[PDB]
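Before any questions on binding or motion, here is one chain by itself as structure tokens, the form deposited in one PDB entry.
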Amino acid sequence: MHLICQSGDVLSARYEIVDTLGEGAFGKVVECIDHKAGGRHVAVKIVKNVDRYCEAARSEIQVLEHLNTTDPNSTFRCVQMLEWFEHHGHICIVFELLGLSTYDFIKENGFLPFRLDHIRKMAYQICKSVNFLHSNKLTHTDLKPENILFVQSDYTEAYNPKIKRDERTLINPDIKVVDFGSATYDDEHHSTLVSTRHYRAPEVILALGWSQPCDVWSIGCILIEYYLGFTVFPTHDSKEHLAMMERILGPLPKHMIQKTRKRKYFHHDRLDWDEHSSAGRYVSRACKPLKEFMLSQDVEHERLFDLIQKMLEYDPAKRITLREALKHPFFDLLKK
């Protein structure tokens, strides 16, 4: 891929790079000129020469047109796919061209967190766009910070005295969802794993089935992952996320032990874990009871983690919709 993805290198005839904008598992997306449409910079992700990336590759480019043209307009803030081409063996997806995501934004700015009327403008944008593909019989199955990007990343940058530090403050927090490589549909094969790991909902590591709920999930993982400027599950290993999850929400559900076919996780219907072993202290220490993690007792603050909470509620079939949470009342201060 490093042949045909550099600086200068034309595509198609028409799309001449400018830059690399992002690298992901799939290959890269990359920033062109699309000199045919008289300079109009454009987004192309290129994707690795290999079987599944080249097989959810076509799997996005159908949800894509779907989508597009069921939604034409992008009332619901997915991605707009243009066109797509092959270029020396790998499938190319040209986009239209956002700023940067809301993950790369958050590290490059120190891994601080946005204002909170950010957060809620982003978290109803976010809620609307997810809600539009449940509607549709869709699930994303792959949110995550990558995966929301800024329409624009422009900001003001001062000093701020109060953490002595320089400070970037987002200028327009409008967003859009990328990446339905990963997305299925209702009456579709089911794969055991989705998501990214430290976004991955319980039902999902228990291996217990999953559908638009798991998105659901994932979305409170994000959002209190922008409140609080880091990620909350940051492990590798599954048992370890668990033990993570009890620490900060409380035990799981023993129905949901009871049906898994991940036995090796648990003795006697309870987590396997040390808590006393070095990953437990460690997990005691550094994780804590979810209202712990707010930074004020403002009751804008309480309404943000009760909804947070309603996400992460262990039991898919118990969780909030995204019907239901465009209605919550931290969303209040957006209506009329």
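Positions refer to the first chain, counted from 1. We call the rigid core whatever largest set of C-alpha positions still superposes within 1.5 Å between the two forms. What changes on going to the form deposited in another entry:
- For the residue set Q62, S277, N49, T70, core-aligned C-alpha shifts between these two forms reach 2 angstroms or more at a single site, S277.
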The other form holds:
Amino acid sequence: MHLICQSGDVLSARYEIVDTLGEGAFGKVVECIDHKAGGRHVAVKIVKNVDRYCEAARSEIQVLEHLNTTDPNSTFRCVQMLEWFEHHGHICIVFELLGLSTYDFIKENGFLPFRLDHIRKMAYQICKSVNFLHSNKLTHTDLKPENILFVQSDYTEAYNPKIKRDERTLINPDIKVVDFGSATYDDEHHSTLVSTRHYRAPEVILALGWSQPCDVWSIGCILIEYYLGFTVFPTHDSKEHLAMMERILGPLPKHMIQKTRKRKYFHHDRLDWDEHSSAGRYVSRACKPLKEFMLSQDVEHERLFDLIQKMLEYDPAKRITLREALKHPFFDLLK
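I've shown you the form deposited in one PDB entry. Could you give me the structure of the form deposited in another entry?
The next block holds one chain only.
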């Protein structure tokens, strides 16, 4: 992967690399000039020549062809795939070029949260875009700030007292949803999920079966991270994740504890947690009830945290759907 990606390289006898936009576990994303389409700047996703990543890239191409046909106008803000090809055995997917990811923008902005009015517009477009996936019998499973990309990330800088530092602000906060390598149809086989992120729905952790509601859980964690600048579940361990949920959201439902086959996490009916160990001391300091994370008692802030609490409902059946989430009072200002 280190060898076929540098700048100046030409792919498929038309795409000329000019910049690197990101490097991850699957491989690379590079910016290219398409010399056979008037010099249109495109984004090309270079996938490692590994079995699991090639199979995911093949499934993502099939999903993208379906979404491009079902939504040719891209009304529902899924990224448009232009074409795909192979290059030295690596699978390459050409995309319409977008801006920075919301994680990238947050990082390059000193990890400062977004203004509430921008969170509102972004949350609405994310819910509409992922509801489009759900209407087409699809589940994304890997929703996170890195996979939410601004259409255009031009900004302005200004100093902010109270923060006592410079703060960037989007000009246009329009976004798109990317990465469909883990996208799963309802009729397809549902796995038990890779290290998906510090966003793992409780039904996913407890192996109770998952579907569309697990996307709603991820969006709720996306919103609080947009509102704070940091995730509320800073961990990669599953039992530690469950202990953070109990501190932030409350106790797990008894029925979910009863059915789960992951006895590894539990001691009888309670979570097998030592709150005086290293991790237990961290969870105590880093975690608190959800509402205590609020930075203002303004009603618009309580409308947002009402939406997050509904999206962070433990039971996947009780959990609000994106169809109902788009009717929430938090989005009344947009109408």
